[PDB]
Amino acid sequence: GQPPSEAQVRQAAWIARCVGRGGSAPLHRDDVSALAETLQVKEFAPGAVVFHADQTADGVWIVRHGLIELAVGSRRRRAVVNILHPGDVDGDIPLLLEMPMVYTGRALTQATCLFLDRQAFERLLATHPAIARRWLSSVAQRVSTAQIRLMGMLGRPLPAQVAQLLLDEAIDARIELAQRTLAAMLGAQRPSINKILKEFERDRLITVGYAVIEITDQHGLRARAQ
């Protein structure tokens, strides 16, 4: 079929940069344990949908086991914008903003997610001050981190921006994003991005693979990021 619009990809990608991670998790795993019988335990076969784009955020999802792919568009030509690992959290900030989810989460491997519905979420915050307080820290961290990344791109040459984006996205020196998605995140023309990546590759800074990019010279790439 057809790929989603540049606008849809850009919006999904940057909003997906506010997901909760290890260092920014709103609940400790021990808090999660204590919520047993309140959290709903959901199992997912590979390929199964956890939540749908454009549907109201009606609770908080915690990844417990497996990997969850975040993507926008039709399955065949969807744009992957992120991957959630065990401990990661999504749904809470859009709930706080009374917004729908703007991408779809699907199990990439056999997965278990824990669901805190809206009512349970409100009750938790109304009754547990320490949990409310850590949630506030988490939200501040996650949204500010995204903002600061957008701010930092401004006023810099595009190759510096691409270099910086790769460095920021890399996990174990790997960026698992399509070139099209990188272009969308930077508001850049796709041929412009291709040429930069090709130059970085020629200069032995990166390797461009099958919708993944490998960093081969971190210090050299840091220099391009200025």
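Numbering follows the first chain given and starts at 1. In this text, rigid core is short for the largest set of C-alphas that superpose within 1.5 Å between two forms. Compared with the form deposited in another entry:
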Given for the second form:
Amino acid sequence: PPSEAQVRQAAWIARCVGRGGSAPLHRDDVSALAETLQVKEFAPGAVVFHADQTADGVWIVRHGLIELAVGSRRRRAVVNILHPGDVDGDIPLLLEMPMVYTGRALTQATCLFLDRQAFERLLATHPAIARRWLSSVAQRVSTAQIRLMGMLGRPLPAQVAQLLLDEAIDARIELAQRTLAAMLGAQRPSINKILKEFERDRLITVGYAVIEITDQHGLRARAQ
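If the one shown is the form deposited in one PDB entry, what is the structure of the form deposited in another entry?
So it's only the chain below, everything else dropped.
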């Protein structure tokens, strides 16, 4: 199974994925680039890109969900989920680093692919796209850095509160408790105890696979 450190590392690297306002390409530009971007379709379970391999280029999700995970297929830990509009591959390429997690289609999915040659050509010939990419990279890694900074030295319950608030999409968190624990350098039983307490105080609801935030203001106060 992947070590806690491998899971922690992959999960925080996966928090630098481009999304919404932070995405490196404007939607208008993704459209204009149709003859450069390759359309790639994935059945559920199919690999988009492998861990420990150099990025073949930049991936953009057009529809479906891509799971990001570490560990062998059997002992898999999911560290993040890419939604439509999300972009990955570009920061590792800029760091000259291999991917540290595997992306697998969760649902049927379609991804646009910008190969590394096309990427280099694009930045070299379209200064406006390059300039936006620069602000995007800065925004994405700085946002991750700010989340980490804010949790240092804080008691574990406050860290879990903050992590939940930051992870939430439409007030829902669908990550495993083992992964949440690894992100905080903690053990699953510790996270579970804190989640039970938050549940008793009516801050969250913990279903089978999902945590829902039921009182955001109350949870913010626990984050300190």
